[PDB]
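Asker: Spelled out from the first residue to the last, the chains are:
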Amino acid sequence: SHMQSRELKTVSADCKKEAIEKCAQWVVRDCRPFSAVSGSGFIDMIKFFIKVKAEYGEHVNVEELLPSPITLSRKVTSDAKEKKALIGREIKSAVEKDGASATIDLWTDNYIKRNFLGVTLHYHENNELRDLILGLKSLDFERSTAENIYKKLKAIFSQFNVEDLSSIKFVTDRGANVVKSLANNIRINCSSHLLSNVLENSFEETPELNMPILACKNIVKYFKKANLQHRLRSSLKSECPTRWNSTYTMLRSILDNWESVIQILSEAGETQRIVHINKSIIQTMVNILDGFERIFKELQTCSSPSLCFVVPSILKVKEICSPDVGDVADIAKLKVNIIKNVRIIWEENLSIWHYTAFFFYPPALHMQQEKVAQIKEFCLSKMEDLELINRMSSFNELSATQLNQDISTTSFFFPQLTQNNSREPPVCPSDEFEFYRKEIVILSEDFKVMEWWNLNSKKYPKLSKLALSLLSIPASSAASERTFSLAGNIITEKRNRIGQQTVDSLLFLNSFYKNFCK
Amino acid sequence: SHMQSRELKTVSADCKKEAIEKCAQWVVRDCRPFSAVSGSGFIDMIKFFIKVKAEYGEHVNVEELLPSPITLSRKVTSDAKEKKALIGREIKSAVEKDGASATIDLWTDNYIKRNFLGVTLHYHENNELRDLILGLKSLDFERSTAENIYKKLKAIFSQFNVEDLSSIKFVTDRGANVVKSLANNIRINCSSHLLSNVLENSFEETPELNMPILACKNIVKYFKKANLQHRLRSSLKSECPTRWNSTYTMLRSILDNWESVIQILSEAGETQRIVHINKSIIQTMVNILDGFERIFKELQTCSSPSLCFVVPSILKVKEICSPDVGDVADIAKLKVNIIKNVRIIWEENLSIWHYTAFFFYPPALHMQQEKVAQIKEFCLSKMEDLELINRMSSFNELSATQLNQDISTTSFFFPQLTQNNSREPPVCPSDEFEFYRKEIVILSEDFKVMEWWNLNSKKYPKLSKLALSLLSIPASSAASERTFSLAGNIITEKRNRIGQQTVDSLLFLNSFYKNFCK
Amino acid sequence: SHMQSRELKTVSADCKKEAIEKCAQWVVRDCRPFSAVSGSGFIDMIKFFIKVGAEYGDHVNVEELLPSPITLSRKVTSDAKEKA
Amino acid sequence: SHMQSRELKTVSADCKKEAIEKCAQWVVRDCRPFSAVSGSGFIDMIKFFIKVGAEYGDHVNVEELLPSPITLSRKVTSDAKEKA
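Protein chains in written order, with my numbering: chain U, 1 to 518; chain S, 1 to 518; chain P, 1 to 84; chain V, 1 to 84.
Honestly, the hints are just simulated from the structure, not real lab data. Here a beta-carbon is modelled for each residue, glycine too, at the ideal position from N, C-alpha and C. Take the hints with a grain of salt, since some may be wrong.
Not the full set, but computed from the structure, chain P residues with beta-carbon under 8 angstroms of chain S [stated by the list, open to error]: (1) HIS2; (2) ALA19; (3) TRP26; (4) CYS31; (5) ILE46; (6) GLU64; (7) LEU66; (8) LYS81.
Listed next, the in silico EDC-like pairs over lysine to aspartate or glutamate satisfying Cα-Cα at most 16 angstroms (straight line) [as the list claims (entries may be wrong)]: (9) S:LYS97 x S:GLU384; (10) S:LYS51 x V:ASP14; (11) U:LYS81 x V:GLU21; (12) U:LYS51 x V:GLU18; (13) P:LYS75 x S:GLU21; (14) U:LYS47 x V:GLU63; (15) S:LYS47 x P:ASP58; (16) S:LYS47 x P:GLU82; (17) V:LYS51 x U:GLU21; (18) V:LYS17 x U:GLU63; (19) U:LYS152 x U:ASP504; (20) U:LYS9 x P:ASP14; (21) U:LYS22 x V:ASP44; (22) V:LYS9 x U:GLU55; (23) S:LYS438 x U:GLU259; (24) U:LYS297 x S:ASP504; (25) S:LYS459 x U:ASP446; (26) U:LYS459 x S:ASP406; (27) V:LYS51 x U:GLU58; (28) U:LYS51 x V:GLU63; (29) V:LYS47 x U:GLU18; (30) U:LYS9 x V:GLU63; (31) S:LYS51 x P:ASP79; (32) U:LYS459 x S:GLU21; (33) S:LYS152 x S:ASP504; (34) V:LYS47 x U:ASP504; (35) P:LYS47 x P:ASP58; (36) S:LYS51 x P:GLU18; (37) U:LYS465 x U:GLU125; (38) S:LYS9 x P:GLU64.
Produce the complete structure using the sequences and hints provided.
Answerer: Put into structure tokens, the structure is as follows:
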């Protein structure tokens with residue numbers, strides 16, 4: 001309704017100056033991070049207070065106008081309840097109709113001495129992917145068995161009234177307990193964890209590189225003992241979860257601070273710690289590792305499909321590591337090891353879900369795919385599974401624990417075609433597959449796989465439902481980690497720490513706004 | 001940004017009662033139509049005044065707060081200038097790139113003794129159709145020659161800085177002057193006018209029905225002379241422009257007021273006027289005519305493609321008029337006459353534009369189409385025309401009167417496919433046509449032709465541009481007549497009449513809000 | 001009318017600017033003459049709506065509060081028939 | 001602090017309700033502790049922004065007026081270095 005242009009007034013130079021001074025005194029006297037002044041919630045709140053001033057003048061009783069921390073806590077809690085009721089039906093329907101997945105993000109916090117279990121629900125609505133944070137549970141180290149994890153998961157979904165988890169596709173790392181906790185459920189392995197394992201194992205298995213890596217660790221160990229950890233500060237923030245890229249972060253620590261490092265070791269008489277380290281070799285290792293950053297980033301998105309790019313990611317690793325006569329031998333060996341590990345660690349741990357996702361990216365149909373027969377069998381089975389779900393649902397027999405659930409212009413002008421379509425029995429599952437397989441779709445950079453399927457829903461009634469829900473399953477268990485990281489302040493710092501229930505309410509609400517309110 | 005639910009307060013019963021009394025005294029004391037209380041502009045303005053009361057209390061100086069009629073006039077004029085500048089580039093680009101059409105709506109107002117010339121620009125932006133009113137000129141009966149009309153048209157487009165009209169497809173009725181005025185331009189015949197002509201000629205050519213029609217006119221003539229015109233009031237408002245459905249409106253006038261009519265004629269001793277009229281025959285005629293209302297409505301839309309439904313409309317007329325043994329002979333003859341006239345009047349006056357539009361509705365590809373060879377020739381020619389326009393534009397030689405005018409995710413993962421596509425010369429015009437012709441597209445009631453082409457733009461780079469722009473040409477010259485009718489009050493009534501320039505500014509602005517501001 | 005000792009409230013400049021915008025959008029969207037804003041019945045109605053805001057605040061359900069055209073027509077007709 | 005003879009203005013109920021909504025949305029969207037609203041530096045900053053509205057009206061370009069995080073960091077750093 002922007003019928004009116006809406007010009008905003010730019011304040012005077014002096015006002016602008018006083019503004020920066022007020023923001024500085026806020027972050028200093030209240031100990032807030034500099035990024036706080038950039039938040040979109042912060043900006044909208046400031047707009048509101050300016051609006052209050054315009055209506056009431058400057059002499060407003062501000063201490064009275066401002067809500068207390070207590071009232072805000074209650075408000076967040078009540079709003080989350082309202083939003084949960086608003087989308088409750090949508091969530092239960094996604095789960096029931098085989099369209100839901102959940103990423104289970106687990107990490108150990110050694111400072112707080114607590115394990116964290118983040119749970120995010122993923123589904124789609126037409127062309128859009130939905131990612132809703134359901135909970136971020138802080139667990140006691142002794143209450144972290146497979147049984148405890150399963151109990152926590154059940155409790156999280158029960159808070160959204162989802163009691164039957166049969167159809168939810170879970171995406172988790174390979175930790176012993178999380179895997180055992182979901183042994184009776186559909187569970188896919190996290191590609192962020194797999195790729196990280198490929199890298200870590202490859203460096204450890206190349207003795208010529210494990211040597212300088214060990215030497216580098218000896219140096220870190222010394223800088224730690226000498227309280228100079230801050231001297232090894234790197235600007236490199238990896239796309240890969242911290243818990244999984246210990247090697248890359250360390251190498252950049254040493255390399256970015258090289259000249260400083262050699263000086264420190266010399267004046268401390270600790271030169272035996274640098275023996276075996278070849279700076280150029282370290283630089284090559286970081287160059288190679290940097291080439292995988294984009295893969296980690298692409299596999300961890302949850303605003304766009306990522307599952308279909310797992311196979312292409314494997315191909316990319318092999319391309320990056322292709323033999324090159326210009327490589328020094330230590331590097332050539334590392335590359336051969338990475339390729340060997342891509343097969344034994346990553347590929348060995350993929351599932352039919354991954355190959356089918358790649359199959360569901362139309363522009364890639366013509367590419368060498370070795371599992372088409374298995375993919376078709378899986379697709380026929382999944383299309384039939386949804387048809388079964390719908391029949392049982394119709395008779396309220398789907399679950400013992402979950403309660404189920406003027407003529408058109410075209411008919412006017414095309415009466416013949418219309419009656420034909422009414423009398424024509426729907427195309428069978430195999431027919432949809434055969435038509436799809438022959439699709440010739442052009443790769444363009446603005447190609448969006450979800451839109452393609454959504455627009456082709458009439459042509460592929462059942463296959464499109466399958467493709468959309470399958471393509472909505474994230475490739476990484478750390479899909480929501482960007483939000484979890486932003487919430488570190490309110491989950492850990494004593495002065496700023498909010499309670500467990502409100503953390504869950506706040507995260508859910510934050511994801512609700514992001515998904516449904518622009 | 002509807003993060004907050006936003007509940008609205010329902011006022012008390014007594015407030016609600018006073019509201020209706022205030023609205024009643026407004027429409028009575030100021031002589032406003034009842035529909036004025038329902039306008040969306042009216043509702044938003046009332047919301048604003050309630051907001052003013054909430055901030056300032058009840059004792060606001062209202063005479064001061066309210067703008068004067070003069071200030072409003074200036075505001076409408078200045079806002080229209082701002083919006084014209086905002087979309088000026090878009091409009092000129094649509095015209096230049098063969099994507100623009102203009103409906104020319106002409107009618108004679110015998111009360112005001114003035115001819116009206118409405119001009120509306122039509123183009124598309126992705127999946128959306130744009131219909132912008134450029135002017136509604138009130139012309140002097142003596143200043144209505146082909147030369148005068150052409151001069152007026154040039155003046156209208158010059159107001160939007162479009163000096164070269166070469167590429168604009170004009171849609172007009174067959175009036176002698178409007179046709180001659182555009183003899184050097186692309187001009188398509190209005191299907192509303194053609195269908196109306198088919199109907200009028202058919203009734204006149206069926207002597208058995210022309211007989212009771214003449215008798216009906218004799219009755220109207222009498223009710224007019226006796227000042228009883230109000231007694232012949234019908235509730236039937238036809239989709240077809242008033243100037244074109246004289247027969248249908250009259251028949252319903254008599255039929256809806258039958259019993260009243262016979263009584264009036266008897267007590268006036270004017271019974272010879274009803275001789276030959278058979279009520280059941282009249283009822284059958286109105287039943288048949290009512291079956292065409294939907295066609296007129298479908299062909300006059302400008303919010304959705306209509307050109308592609310001209311051919312199906314012709315088929316529909318023939319289906320409605322198909323031989324039926326249950327018909328009395330007068331009706332059977334009428335039906336044969338309508339079918340004969342559909343061919344000699346409507347079909348004879350269609351162009352390659354109409355058959356191509358129908359060809360461009362994918363679900364109809366398999367249907368009997370007799371002009372495919374002509375359609376292909378036309379398509380190759382139009383695709384090549386745009387390529388020529390782009391070459392000449394590149395050298396600023398298109399017009400002597402108009403001034404011309406990190407790697408992607410897909411490239412990262414599909415480097416092979418990406419380089420191939422870069423080195424692959426674009427598919428030629430004939431190839432796009434051949435691929436299109438073999439398309440198998442399912443008719444569904446939610447099928448939207450513009451979305452189909454927009455989503456298939458990469459597959460049909462040139463053909464989609466052609467289809468989208470062609471499908472955006474309205475089938476009727478009276479496409480904007482619904483707005484023109486709403487503006488009758490401000491263009492004709494002395495007390496409410498605004499000047500010519502502001503009428504144009506107001507209509508353009510109204511269409512701008514409708515198109516671009518939700 | 002005539003200014004009294006205690007004058008009626010003058011609104012802010014932004015408010016006056018917005019009133020021009022809202023009324024202009026009203027006449028453009030609904031196709032009303034510019035002269036509709038000077039009507040005596042109109043002004044009395046606007047004074048009422050200001051009073052509604054002063055009482056209930058900004059967030060009033062306007063669509064519910066206003067009568068439909070048919071309901072209004074019926075009201076005017078019965079008001080007329082009151083002359084029996 | 002201490003109430004004076006001429007009291008500071010109390011806002012409408014709708015305003016108070018909206019202040020709760022805006023502050024709650026701030027902490028949810030930006031992940032701030034509920035305790036951020038009771039900060040002394042925070043309150044002084046909010047008093048300033050009210051003064052900005054009282055002077056320029058509702059339609060101020062806030063994005064332009066506020067410093068970016070890096071600009072703010074630099075300001076805090078130079079303010080610190082002022083202790084030379």
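Asker: Hint by hint, say whether it matches the structure.
Answerer: A quick look at each hint next to the structure:
For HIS2 (chain P), the interface hint is violated, since its Cβ never comes within 8 angstroms of a Cβ in chain S; the closest pair sits about 12 angstroms apart. The restraint placing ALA19 (chain P) at the interface with chain S holds, with a minimum CB-CB distance near 6 angstroms, inside the 8 angstroms limit. Hint on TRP26 (chain P) holds. Least Cβ distance to chain S is approximately 4 angstroms, under the 8 angstroms limit. For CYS31 (chain P), the shortest C-beta to C-beta distance to chain S is roughly 5 angstroms, which falls under 8 angstroms, so the interface hint holds.
A cut of 8 angstroms between beta carbons decides the hint on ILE46 (chain P): the least distance to chain S is about 6 angstroms, and the hint holds. About 6 angstroms separates the beta-carbon of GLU64 (chain P) from the nearest beta-carbon of chain S, less than 8 angstroms, and the hint is met. For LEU66 (chain P), the interface hint holds, the least distance from its beta-carbon to any beta-carbon of chain S being 6 angstroms, beneath 8 angstroms. Because the beta carbon of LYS81 (chain P) sits about 13 angstroms from the nearest beta carbon in chain S, more than 8 angstroms, this interface hint is broken.
Restraint check for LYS97 (chain S) and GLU384 (chain S): satisfied, since their Cα atoms lie roughly 12 angstroms apart, inside the 16 angstroms limit. With a CA separation close to 12 angstroms, the supplied pair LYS51 (chain S) and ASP14 (chain V) stays within the 16 angstroms bound. Between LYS81 (chain U) and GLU21 (chain V) the alpha-carbon distance is near 15 angstroms, which keeps this suggested pair within the 16 angstroms criterion. Taking the CA atoms of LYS51 (chain U) and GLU18 (chain V), the gap is near 11 angstroms; set against the 16 angstroms cutoff, the hint holds.
Restraint check for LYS75 (chain P) and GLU21 (chain S): satisfied, since their Cα atoms lie roughly 8 angstroms apart, inside the 16 angstroms limit. Taking the CA atoms of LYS47 (chain U) and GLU63 (chain V), the gap is near 10 angstroms; set against the 16 angstroms cutoff, the hint holds. Using a Cα cut-off of 16 angstroms, the hinted pair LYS47 (chain S) and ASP58 (chain P) holds, with the two alpha carbons roughly 8 angstroms apart. Note on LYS47 (chain S) and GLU82 (chain P): the hinted pairing is violated, with a Cα-Cα distance of about 32 angstroms set against a maximum of 16 angstroms.
Taking the CA atoms of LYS51 (chain V) and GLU21 (chain U), the gap is about 15 angstroms. The hint holds against a cut of 16 angstroms. This hinted pair checks out: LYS17 (chain V) and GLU63 (chain U) have alpha carbons roughly 15 angstroms apart, not beyond 16 angstroms. Between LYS152 (chain U) and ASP504 (chain U), the direct Cα distance comes to roughly 13 angstroms. Compliance with the 16 angstroms bound is thereby established for this hinted pair. A distance of roughly 12 angstroms separates the Cα atoms of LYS9 (chain U) and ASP14 (chain P); the hinted pair therefore holds under the 16 angstroms criterion.
Proposed proximity of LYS22 (chain U) and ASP44 (chain V) is supported: the alpha carbons are some 7 angstroms apart, at most 16 angstroms. Straight-line distance between C-alpha atoms of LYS9 (chain V) and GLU55 (chain U) comes to about 11 angstroms, which keeps the hinted pair within the 16 angstroms bound. Between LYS438 (chain S) and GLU259 (chain U) the alpha-carbon distance is near 68 angstroms, which puts this suggested pair outside the 16 angstroms criterion. A hinted pair counts as satisfied when its Cα atoms are at most 16 angstroms apart, and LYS297 (chain U) with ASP504 (chain S) does not qualify at roughly 54 angstroms.
Taking the CA atoms of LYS459 (chain S) and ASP446 (chain U), the gap is near 13 angstroms; set against the 16 angstroms cutoff, the hint holds. Annotation: proposed proximity of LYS459 (chain U) to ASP406 (chain S) is violated, straight-line Cα distance about 36 angstroms (limit 16 angstroms). Using a Cα cut-off of 16 angstroms, the hinted pair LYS51 (chain V) and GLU58 (chain U) holds, with the two alpha carbons roughly 5 angstroms apart. Between the alpha carbons of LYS51 (chain U) and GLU63 (chain V) the distance comes to roughly 15 angstroms, so the proposed pair stays at or under 16 angstroms and holds.
A threshold of 16 angstroms between alpha carbons decides the hint, and for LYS47 (chain V) with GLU18 (chain U) the separation of about 12 angstroms falls inside it, so the pair holds. Under the criterion of a C-alpha separation no larger than 16 angstroms, the hint pairing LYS9 (chain U) with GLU63 (chain V) is consistent with the structure, at around 11 angstroms. Of the pairs offered as hints, the one joining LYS51 (chain S) and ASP79 (chain P) is violated, with about 30 angstroms between alpha carbons and a cut-off of 16 angstroms exceeded. At roughly 56 angstroms between alpha-carbon atoms, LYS459 (chain U) and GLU21 (chain S) are farther apart than 16 angstroms, so this suggested pair is violated.
A threshold of 16 angstroms between alpha carbons decides the hint, and for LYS152 (chain S) with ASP504 (chain S) the separation of about 13 angstroms falls inside it, so the pair holds. Taken as a hint, the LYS47 (chain V) and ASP504 (chain U) pair is broken in the structure, with Cα atoms around 32 angstroms apart against an allowance of 16 angstroms. For the given pair, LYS47 (chain P) sits about 15 angstroms from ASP58 (chain P) by alpha-carbon distance, which is consistent with the 16 angstroms threshold. Of the supplied pair hints, the one linking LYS51 (chain S) and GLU18 (chain P) holds, its CA atoms being roughly 11 angstroms apart against a limit of 16 angstroms.
At most 16 angstroms may separate the alpha-carbon atoms for a hinted pair to count; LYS465 (chain U) and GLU125 (chain U) meet this at roughly 11 angstroms. At roughly 10 angstroms between alpha-carbon atoms, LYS9 (chain S) and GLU64 (chain P) fall within 16 angstroms of each other, so this suggested pair holds.
Of the numbered hints listed earlier, those contradicted by the structure are 1, 8, 16, 23, 24, 26, 31, 32, 34.
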